[PDB]
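Asker: Next come the chains, spelled out residue by residue.
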Amino acid sequence: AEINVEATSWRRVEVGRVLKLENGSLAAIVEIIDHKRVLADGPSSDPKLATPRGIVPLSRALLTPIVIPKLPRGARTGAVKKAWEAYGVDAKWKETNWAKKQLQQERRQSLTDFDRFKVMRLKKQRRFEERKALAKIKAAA
Amino acid sequence: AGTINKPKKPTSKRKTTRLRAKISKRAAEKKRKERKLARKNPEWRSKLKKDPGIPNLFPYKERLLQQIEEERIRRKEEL
Amino acid sequence: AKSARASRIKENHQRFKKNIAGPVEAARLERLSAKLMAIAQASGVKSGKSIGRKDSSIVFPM
Amino acid sequence: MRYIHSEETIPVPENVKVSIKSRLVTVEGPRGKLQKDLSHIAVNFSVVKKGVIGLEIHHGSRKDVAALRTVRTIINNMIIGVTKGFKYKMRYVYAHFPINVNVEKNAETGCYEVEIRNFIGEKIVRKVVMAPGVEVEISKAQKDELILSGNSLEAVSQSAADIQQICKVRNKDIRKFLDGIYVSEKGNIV
Amino acid sequence: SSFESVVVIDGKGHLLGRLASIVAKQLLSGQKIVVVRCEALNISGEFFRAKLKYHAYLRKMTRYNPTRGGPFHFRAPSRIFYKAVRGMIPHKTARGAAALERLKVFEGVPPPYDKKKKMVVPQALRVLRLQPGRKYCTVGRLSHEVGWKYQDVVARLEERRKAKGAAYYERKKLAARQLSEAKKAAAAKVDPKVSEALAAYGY
Amino acid sequence: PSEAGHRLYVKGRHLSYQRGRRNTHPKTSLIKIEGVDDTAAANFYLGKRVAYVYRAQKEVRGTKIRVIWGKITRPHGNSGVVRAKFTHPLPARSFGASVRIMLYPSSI
Amino acid sequence: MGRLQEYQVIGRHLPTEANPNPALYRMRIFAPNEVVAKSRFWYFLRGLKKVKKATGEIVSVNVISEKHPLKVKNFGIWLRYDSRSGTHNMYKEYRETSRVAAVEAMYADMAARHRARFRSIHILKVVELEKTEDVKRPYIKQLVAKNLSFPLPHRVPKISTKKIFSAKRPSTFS
Amino acid sequence: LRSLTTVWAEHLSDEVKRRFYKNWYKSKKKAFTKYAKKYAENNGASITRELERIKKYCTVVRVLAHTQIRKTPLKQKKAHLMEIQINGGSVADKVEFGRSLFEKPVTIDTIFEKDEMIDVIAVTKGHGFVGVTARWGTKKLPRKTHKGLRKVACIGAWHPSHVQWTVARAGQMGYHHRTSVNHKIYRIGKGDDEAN
RNA sequence: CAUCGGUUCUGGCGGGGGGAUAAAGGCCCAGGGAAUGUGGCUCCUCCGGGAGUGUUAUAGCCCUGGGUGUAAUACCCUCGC
RNA sequence: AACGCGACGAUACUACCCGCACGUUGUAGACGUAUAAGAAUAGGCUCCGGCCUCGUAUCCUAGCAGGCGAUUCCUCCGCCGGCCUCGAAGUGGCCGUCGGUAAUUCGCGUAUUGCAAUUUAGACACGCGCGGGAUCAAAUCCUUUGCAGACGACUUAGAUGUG
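Keeping their order, the protein sequence lines are chains LM, CL, CO, LH, LO, Lf, LS and LB.
The authors' numbering numbers the first residue of the first sequence as 2 and each following residue consecutively.
The authors' numbering numbers the first residue of the second sequence as 2 and each following residue consecutively.
Those letters in the third sequence? Residues 2 to 43, 83 to 95, 104 to 110, by the authors' numbering.
Those letters in the fourth sequence? Residues 1 to 15, 53 to 227, by the authors' numbering.
The authors' numbering numbers the first residue of the fifth sequence as 2 and each following residue consecutively.
The authors' numbering numbers the first residue of the sixth sequence as 2 and each following residue consecutively.
The authors' numbering numbers the first residue of the seventh sequence as 1 and each following residue consecutively.
The authors' numbering numbers the first residue of the eighth sequence as 99 and each following residue consecutively.
In case anyone wonders, no lab produced these hints; they're calculated from the structure.
Where a beta carbon is used, it is the ideal one built from N, C-alpha and C, also for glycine.
Check each hint, because a few of them may be wrong.
Mimicking BS3-like on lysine-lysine, the simulated pairs with C-alpha atoms at most 25 Å apart in a straight line are [what the hints assert, rightly or not]:
| # | chain 1 | residue 1 | chain 2 | residue 2 |
| --- | --- | --- | --- | --- |
| 1 | LB | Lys127 | CO | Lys18 |
| 2 | CL | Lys48 | LS | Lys73 |
| 3 | LB | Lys154 | LB | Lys115 |
| 4 | CL | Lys10 | LO | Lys84 |
| 5 | LS | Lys73 | CL | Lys62 |
| 6 | LH | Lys160 | LH | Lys70 |
| 7 | CL | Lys14 | LO | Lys84 |
| 8 | LH | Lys209 | CO | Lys3 |
| 9 | LO | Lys13 | LO | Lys117 |
| 10 | LB | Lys176 | CO | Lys86 |
| 11 | LO | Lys116 | LO | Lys190 |
Simulated restraints, written as ranges between beta carbons of each label pair [unchecked claim]:
| # | chain 1 | residue 1 | chain 2 | residue 2 | range |
| --- | --- | --- | --- | --- | --- |
| 12 | LO | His92 | LB | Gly187 | 47 to 55 Å |
| 13 | LS | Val156 | CL | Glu63 | 42 to 50 Å |
| 14 | LS | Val156 | CO | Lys3 | 34 to 42 Å |
| 15 | Lf | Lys59 | LO | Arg60 | 55 to 63 Å |
| 16 | LB | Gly187 | LH | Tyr131 | 46 to 54 Å |
| 17 | LB | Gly235 | CL | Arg19 | 25 to 33 Å |
Pulled from the structure, derived: some chain CL residues nowhere near chain LS, Cβ distances all over 12 Å [as the list claims (entries may be wrong)]:
| # | residue |
| --- | --- |
| 18 | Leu20 |
| 19 | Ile24 |
| 20 | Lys51 |
| 21 | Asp52 |
| 22 | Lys77 |
Modelling step: build the complete structure from the supplied sequences, incorporating the hints.
Answerer: The following block contains the structure:
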């Protein structure tokens, strides 16, 4: 009996699933109300990732691969925080490819005009030498 | 029916002012006539309406009847 | 009576076309084509082998 | 109400191989292979166990949940078709004019064609073409019997229905004129 | 909100009314709009409902003379989209005509729009608007049943265009790969101060 | 040589006048500025000068190009559409015409 | 019907030489504000004890906040509403963290499913289910089940309405 | 369908050259003169390019054929030219067949055969301006009808307040293009046969 | 353009008062309780995980009272820049 | 479609084509007016390592509206010629020549438009000019015809001939 099934695998909301909100804050599920509202708590010490405990809608939230294992259902702020610095959610969130992309976005939006001109000129250095490399690979084959 | 390949004449939903005014006049006459028949109505009506009661699926209904009996006994003792 | 657009009459005509008049028309066709063929037989840029360009618009004029 | 989760199970035999990609179910067995596209129903296919297909639906309605049973039965019918096959046997009876039935296999299509003649003395020849993969044979153990076999239950039963429906008595009393071809027995090849 | 010289929209997977409203607003605002592949356009609801609508539209004609003044029934998918667009535009005004002359609609993707970038409109996409389980129909299929003769010609032209686009796809994949090893090989010869400053700024 | 542009203004499209469903007041015009989508984004451009540039037939004082000038007065609605007041009301033929919103007077 | 705050409204009849200390009456009102709270309290006083606003007065109005707004709770609601047939009972169950949110959701769903407005709905009891065994409706029984974890199929991505044109086809998988 | 190219022969007659002119007696007869030089320059590279183009891009091939009008007793000297489709075979076969048929007379007996049932395309005899009675077969009004009896009494008695397109009116009758079908050929007689 | 005056649109900031001197909640102290049974123990298996026991253990949760606390914050009112 | 389209032949001139020389020439409206897979959305992409809310991206973008001269680099762009190629309303790929070119650094000029006044700058079509290259044509009125016809219109014939 050989079975080859190629299908989809959604990230699944569960107690301990970590959500990213639109403001950059991070939270974790502590209790499931319904399929459109959840109870989430962000105990992170970093203020940018902090989220006050309360109800958030799933439409107002995203899905991250971080899940806190063995997190009790309905755990309060102290227990969720003990699990949070037990698991190191902040470090894994920084290692995820999303937080790099938003951090790169503030590194774009915080630029001065002098910073933009420096970006232009350093990019021109990199593109000149990349065009030289491009000539070497194109000449080889 | 052959409605898909050969449709018939459409039914217009665009109301006319004459029809709207006539319908409004008949409607107001109907409320006035129902008021007159309610005033002249000889059908018997109860002084106290039929109470619907308490739903059976209510989980604390037995507790509510406990408080009902307790309050009735307390009122009887007070009176 | 059945119409000219009747499905049964159309199927009868299709069977007639495939089974009866078909070989007759094919034999006449091949003999006429034989007579007509009998009468008929009785660089890339510089040579024209390569199809080059000859010697209202769909796009917005910009 | 909207159902949070609903699941169904499909057992698979050891000789049957199942491939599911973009809801295109391929079921391969000893007798051949069958293909069926099921992209019109929102269903999650999974491997919950060795030899068990899991059908799942999330946040669906009652009709969407009830479609899973139809999906299960079609998949099980494909499995039964590639494993044991499907066989419909029909009988044809006549009162006075013997029905002359002839079965041939067209080379350029690969499909079977059945010609029926002398149906209540009619001079027309009724030609019915089977679906591909359906084999028609004259039974030799019994009298006036056609046997249709294949891997697709829908195709075999539809060909049997077409053979039954091509011989319809017209403008006569059906209590008196009993002529026709009728599907008698349904089962598996093995 | 971005001003372009001309915006090319693939008609595949779009909804007729919503796409028509959006492009009509763009045309009346002053944006030049070209819509290609109107045969793959979608209308919600079951297909027999659209058949009812088009046959009811076929019923209308001027009684005393059908050659003038009557509703002229254009059977093409692009012309049906043009009628839907025109119904949302004051076409009997000079401004309306000057907006309608900024629109072009086609079946398939005729050249040189085959070598131009095509936009999609999220507010009119079926996968972003319709609920699952709801039926949908094809404007091309409706046109083919009501008398549009050029379904198969557009089909084979789209087949050959897709073959040529596939050829351009392996060329583009080859260029993407050799650019990737070009950047990787050049990365060794990048000045480290340039690397650190560019990484700090965000590239 | 330089391959750069020289644009020091921001583009816009002139939609219509201040109007109801029937009555239209050409004393105030409606503009989309390029890249603005919100009232907060449009709040930057309040008080900025705005110029509409057109061409004529005759040659007066060394130019065949005429400019009508104005300023951005207040936001309109929620989609960043702005209201503009000019020294002369805009032509009605300019519905869909491009307009130049200046960066001055600046408060930066 | 709005941002409902919940009020304890206590009133009484005006003092008289015959009755120097009249009996006090307290009700729990779900109202948009204090004016509607007093108005509905007087309306129910006419309906029950026949005490008028001219002959009575309001002694106390207090805002009752939830003890635990951060705790997910199940609410059972016993209600009477008026339709063209007459008066009807319903028992319904909801899942919210506060009585005010439970009552607002009850209003919204009651209007959506049976076309009842505020003046045609009478709230009799709103009780917090102390145990999960008391839950009766299957759509709340499925939410209070063991280890409930579900996916989110076909989520339309968030695209700004002012972003009219997109350069790629969006995905609906997250 | 859209015509991509046409390929012309090197030598063409004066009777088919007359088809391109209205005042041929005053004309210098310069038609096709520079085109005949394209059969000479570059060994026909241009005409070979059109032949390769027509072999590659097109799917329907039609020869151009003109009738020899000088063999008829008609006073006309300008010939009749049409497009005749080549059916059967591939596009390359059609192009090679047409190129072989250039500057060549094809008789009637190799296109059509005795016992063949064909279609006839022609123009109806003209009658000029004709009234409704002969134009539509309408019933004549009784004798001494006021304002005429070879007419239609009611062109309209009902709404619309217009004359409908289906009401019989007087006008041109005849000189219509007509395509009649199912015409049997009884004989294809030969001109050189003195007993045809 | 700057400084003004009248009318008006918009944005931000610093304080005060009230409610259950908000209600929460965080950290401690003292009690009481249960399973959508944690750890542990027993029994089955596809060895993946299931069934039984119960009061915190190798997770925690609910109720009451007290301290921090005249805490902060939401909401309403209110003084100005 | 008499305000839809294609192919072909002959095209006298002030007609046609090429070069530059500019428009008190006109344009529902240039200012980087840059960017080609197809397909699915209860699934996709790949360099086969992995990746996917996100175009918030990529390319290009510095110099008298962008000069002159070096240092330095072999990068980018454009015009031509050749070979291919592109028919859905036809255009791109490679090679060769030529010309320009801050990727690095430096030197001389910028003023005076006087504290803002469009930054007159692009494309298409049109016209007047020269200096050249190529070509010497048709239609209508008139006479005639009757396969046509109220008149127009239509079928014909009128240049040396089977008139």
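Asker: If a hint holds in the structure, say so; if it doesn't, say that too.
Answerer: How the hints compare with the structure:
1. LB/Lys127 to CO/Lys18: Violated - the C-alpha atoms of CO/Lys18 and LB/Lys127 are around 51 Å apart, more than 25 Å.
2. CL/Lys48 to LS/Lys73: violated (41 Å)
3. LB/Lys154 to LB/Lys115: Judged against 25 Å, a Cα distance of about 30 Å means the pair is violated.
4. CL/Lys10 to LO/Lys84: Within the cut-off at roughly 22 Å; holds.
5. LS/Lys73 to CL/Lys62: holds (20 Å)
6. LH/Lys160 to LH/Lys70: Violated. LH/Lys160 to LH/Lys70 sits at ~41 Å, over the 25 Å cutoff.
7. CL/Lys14 to LO/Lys84: Between CL/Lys14 and LO/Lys84 the Cα gap is close to 23 Å, so the pair holds against 25 Å.
8. LH/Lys209 to CO/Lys3: With Cα atoms ~20 Å apart, LH/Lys209 and CO/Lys3 stay inside 25 Å; holds.
9. LO/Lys13 to LO/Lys117: Given pair LO/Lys13, LO/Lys117 holds - Cα atoms ~16 Å apart, limit 25 Å.
10. LB/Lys176 to CO/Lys86: violated (38 Å)
11. LO/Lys116 to LO/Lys190: violated (36 Å)
12. LO/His92 to LB/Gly187: 47 to 55 Å: holds (50 Å)
13. LS/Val156 to CL/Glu63: 42 to 50 Å: holds (47 Å)
14. LS/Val156 to CO/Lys3: 34 to 42 Å: violated (56 Å)
15. Lf/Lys59 to LO/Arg60: 55 to 63 Å: 57 Å Cβ-Cβ, so the 55 to 63 Å window holds.
16. LB/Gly187 to LH/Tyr131: 46 to 54 Å: Roughly 51 Å apart at Cβ, these two residues keep to the hinted range, so it holds.
17. LB/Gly235 to CL/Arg19: 25 to 33 Å: Violated, since LB/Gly235 and CL/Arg19 (Cβ atoms, about 48 Å apart) do not stay within the stated range.
18. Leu20: Given a closest Cβ separation of 26 Å, the condition holds.
19. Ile24: Holds: least Cβ distance 20 Å, greater than 12 Å.
20. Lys51: violated (8 Å)
21. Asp52: Label violated. Min Cβ-Cβ 9 Å, cutoff 12 Å.
22. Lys77: holds (18 Å)
Consistency note: the structure conflicts with the earlier hints numbered 1, 2, 3, 6, 10, 11, 14, 17, 20 and 21.
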